[PDB]
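Protein chains: 2
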Amino acid sequence: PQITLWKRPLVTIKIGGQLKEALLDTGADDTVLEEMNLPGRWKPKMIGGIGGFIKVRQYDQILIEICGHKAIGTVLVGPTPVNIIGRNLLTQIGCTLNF
Amino acid sequence: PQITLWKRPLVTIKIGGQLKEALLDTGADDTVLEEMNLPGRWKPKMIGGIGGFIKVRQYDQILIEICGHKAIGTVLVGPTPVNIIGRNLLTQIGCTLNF
Ligand SMILES: COC(=O)N[C@H](C(=O)N[C@@H](Cc1ccccc1)C[C@H](O)[C@H](Cc1ccccc1)NC(=O)O[C@H]1CO[C@H]2OCC[C@H]21)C1CCCC1
Numbered sequence: 001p002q003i004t005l006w007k008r009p010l011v012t013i014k015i016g017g018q019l020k021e022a023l024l025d026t027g028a029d030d031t032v033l034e035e036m037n038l039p040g041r042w043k044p045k046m047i048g049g050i051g052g053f054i055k056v057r058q059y060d061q062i063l064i065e066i067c068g069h070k071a072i073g074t075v076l077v078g079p080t081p082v083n084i085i086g087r088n089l090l091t092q093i094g095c096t097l098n099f
Numbered sequence: 001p002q003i004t005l006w007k008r009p010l011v012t013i014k015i016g017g018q019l020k021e022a023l024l025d026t027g028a029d030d031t032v033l034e035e036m037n038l039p040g041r042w043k044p045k046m047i048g049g050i051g052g053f054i055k056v057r058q059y060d061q062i063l064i065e066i067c068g069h070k071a072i073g074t075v076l077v078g079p080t081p082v083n084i085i086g087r088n089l090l091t092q093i094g095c096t097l098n099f
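In the order they appear, the protein sequences are chains B and A. Numbering follows the authors' numbering, with no gaps: position 95 of the first sequence is 95. Numbering follows the authors' numbering, with no gaps: position 83 of the second sequence is 83.
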């Protein structure tokens, strides 16, 4: 589909057997989700944003379905105020900017 | 044009008569540019992202040309790590997400 930018581009995602709302973010290199207790091994990581860095847990080869489009990649988990879908997964669903 | 997201969606912008690189950012409500001199009055403002808040200078009704498309709106100037074009101007140039 096509998503205008009058409002935040929020969509429903399915991850780890749960449905959530997440922000399609062309300005994010990575995907960062609110605190959730995903299973499996993880690695510590620091991600920097506009106001500084936060600590996150890096999960690899995680499946996320975005508007029925499936994508598998690295998912970071930490105290982010908003679930963010970054380019690492947006590319996998064929997402583009158009103007 | 149509822009894929395998690399950062960086484009050339023209503001105050000067050329710059900026990130087309659907995950940003506002547009924030690195420290620079801009004509016109400004008022202090705070914006928050991942990591916390930063203090910025808010310039209203600023002309800015984004990839050959003219926009006139609010431009924030402050210690952002990258020049970011947010939704307030992406809507003006008719930018949409598509997948
Ligand atoms: C109302 O609140 C906003 O509108 N605040 C906006 C905002 O910071 N939006 C955030 C989401 C969000 C929204 C609300 C609260 C918390 C977080 C996403 C945005 O695209 C940033 C842009 C960026 C790019 C490079 C460096 C720094 C920042 N990307 C990001 O931080 O990505 C990170 C994960 O992956 C990494 O790659 C790139 C950086 C890493 C600001 C307002 C105008 C400018 C941005």
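Simulated from the structure, these hints should not be mistaken for laboratory data. Watch out, some of these pointers could steer you wrong.
Since the list gives no way to pick out one identical chain from another, each pair is judged satisfied if it fits inside one copy or across any two copies.
In silico BS3-like cross-links for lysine-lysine, where the CA-CA straight-line distance does not exceed 30 Å [claimed, not checked]:
id, residue 1, residue 2
1, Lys7, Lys20
2, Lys43, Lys70
3, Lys7, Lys43
4, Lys14, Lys43
Do the hints match the structure? See the list:
1. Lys7 <-> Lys20: both (18 Å within a copy, 26 Å between copies)
2. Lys43 <-> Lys70: Answer is within: at 23 Å inside a copy they meet the 30 Å cutoff, but 44 Å across does not.
3. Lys7 <-> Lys43: between (34 Å within a copy, 24 Å between copies)
4. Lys14 <-> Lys43: within (22 Å within a copy, 41 Å between copies)
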